[PDB]
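Can you make the complete structure from the sequences, with help from the hints?
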Amino acid sequence: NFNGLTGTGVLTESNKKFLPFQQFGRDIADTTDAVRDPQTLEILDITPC
Amino acid sequence: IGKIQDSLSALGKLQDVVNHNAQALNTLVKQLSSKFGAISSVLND
Numbered sequence: 001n002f003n004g005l006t007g008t009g010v011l012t013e014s015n016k017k018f019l020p021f022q023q024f025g026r027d028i029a030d031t032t033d034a035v036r037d038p039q040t041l042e043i044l045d046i047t048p049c
Numbered sequence: 001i002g003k004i005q006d007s008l009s010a011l012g013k014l015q016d017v018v019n020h021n022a023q024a025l026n027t028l029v030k031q032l033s034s035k036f037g038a039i040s041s042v043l044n045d
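Residue numbers (the working numbering), protein chains in the order written: chain B, 1 to 49; chain Y, 1 to 45.
Just so you know, these hints were derived from the structure itself, not from any lab. Treat each hint with caution, since some may be false.
FRET-style restraints, in silico, Cβ to Cβ [stated by the list, open to error]: (1) B/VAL10 x Y/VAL42: 41 to 51 Å; (2) Y/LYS35 x B/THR6: 17 to 27 Å; (3) B/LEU5 x Y/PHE36: 39 to 49 Å.
In silico DSSO-like cross-links for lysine-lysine, where the CA-CA straight-line distance does not exceed 30 Å [claimed, not checked]: (4) B/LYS16 x Y/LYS30; (5) Y/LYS30 x Y/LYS13; (6) Y/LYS13 x B/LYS17; (7) Y/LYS3 x Y/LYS13.
From the three backbone atoms N, C-alpha and C, an ideal C-beta is built for every residue, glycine too.
So this is what it looks like as structure tokens:
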């Protein structure tokens, strides 16, 4: 759970670059696939288990 | 027979098969973001 974003999956270092106001990303078909850690400000991918 | 390559470099009947299945799979997934008249569309929320 990332401040409201509830889900399940494996967290891994990403290679995306958000804009300096965006918290999380979605893929095509509108499903969350990356988030930013509120504390460390790093982008992490979410893959299904 | 050599002229056959020039006419190629047609296969729309083969691309249509790929398109029809891709469209049914893209639609099937998109239909999960619908509320159908419920309060929400997520079974956990």
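Comparing the hints with the structure gives:
1. Separation of B/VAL10 from Y/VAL42 is about 21 Å and departs from the stated range, judged on CB atoms against 41 to 51 Å.
2. Our hint of 17 to 27 Å for Y/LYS35 and B/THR6 holds, since their Cβ atoms are close to 18 Å apart.
3. For B/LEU5 paired with Y/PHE36, a C-beta distance near 24 Å fails the hint of 39 to 49 Å.
4. Among the hinted pairs, B/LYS16 with Y/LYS30 is consistent with the structure: their alpha-carbon atoms are about 24 Å apart, no more than 30 Å.
5. Between Y/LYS30 and Y/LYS13 the CA atoms are separated by roughly 26 Å; this keeps the pair inside 30 Å, and the hint holds.
6. Using a Cα cut-off of 30 Å, the hinted pair Y/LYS13 and B/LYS17 is violated, with the two alpha carbons roughly 40 Å apart.
7. Of the supplied pair hints, the one linking Y/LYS3 and Y/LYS13 holds, its CA atoms being roughly 21 Å apart against a limit of 30 Å.
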